[PDB]
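Visitor: Construct the entire structure; sequences and hints are all you get.
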Amino acid sequence: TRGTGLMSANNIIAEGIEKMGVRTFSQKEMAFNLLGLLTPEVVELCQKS
Amino acid sequence: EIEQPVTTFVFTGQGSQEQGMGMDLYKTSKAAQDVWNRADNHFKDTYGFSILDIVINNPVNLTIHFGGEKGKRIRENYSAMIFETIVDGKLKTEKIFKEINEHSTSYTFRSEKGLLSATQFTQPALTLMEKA
Amino acid sequence: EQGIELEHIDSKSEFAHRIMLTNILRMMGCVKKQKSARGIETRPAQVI
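Residue numbers (the deposited numbering), protein chains in the order written: chain W, 872 to 920; chain V, 1656 to 1787; chain G, 776 to 823.
Just so you know, these hints were derived from the structure itself, not from any lab.
There could be a bad hint or two in this list.
Claimed, not checked - In silico BS3-like links for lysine-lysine, alpha-carbon gap of 27 Å or less:
1) V:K1699 x V:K1727
2) W:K919 x V:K1727
3) G:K808 x V:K1699
4) V:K1727 x G:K808
Unchecked claim - A few chain G residues that don't get close to chain V, going by computed Cβ distances all over 10 Å:
5) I784
6) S786
7) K787
8) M795
9) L796
10) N798
11) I799
12) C805
13) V822
In this text, a Cβ means the ideal position worked out from N, Cα and C, and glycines have one as well.
Guide: If you want it as C-alpha cells, here you go:
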C-alpha cells in the first residue's frame, strides 16, 4: 500500500513489483477494499463463520 | 374449615398501569417471580425484549437487533406475525411489522413519554401484574 | 519497528507487540464484557 503517494523507499520499487503481474494499492483503493467488508452481505457472512 | 363470605374478583383494565408496578411482590413472592420470569423469558427468547425491563425502567425508545443466528430467529418471529383472514373460501396473509424484511438489522419501538403506555407492552405488563 | 532483528528485540518491540496484539485482545474482551453485562446477544461488533 504505497503511502501518501510521495517518494518512499517502498514506493520507488512498486512500479517494479507490478512488472511481475502483481498489484500494489493506493490508500483509497485499500480503504475501498476494507469498507467493502462492512457491506451488509459480508457483515452477515462474518456472523455465520 | 369455614368458607369466606361470597367473593367476586374484578381485574383492572388499561389506564391504571404505573412504572415499577408489581415489582415489590416480585422481590418477596416465589409465585410472582415464576409468573414474571416465565413471561420475561418468553419475550426475550421470541421477540428480543424484556417485559420486566419495560415495567422497571419504562424506556422512551427500545430497539431490537437481528444480529447473528439468535437475531434472525427473532426476526422470523416478528415477520411470522400475520393477520389470518379467510376471503372467498381461501386464506390470505398480512404483515404486522411492514418495515421488518430479510434485510432488516433492527426494529425500534417509539413512544413520546415511555413504552409502558404503548398498548402492545401495557397489556402484557398489566396482565402479569394481576396474574402474579 | 525497522532495523530490529531477533537480537535487537527489546523495549520498543515488546511495547509495539502490546499495542498490536495483547491490547487488541484486551479491547475485544472489554466490548465482549460490556455487551454481555447488558445481555446484548444479537448485536455483534465486526472486528476488521
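Visitor: Which numbered conditions among the earlier hints are violated in the structure presented, ordered from lowest to highest?
Guide: none
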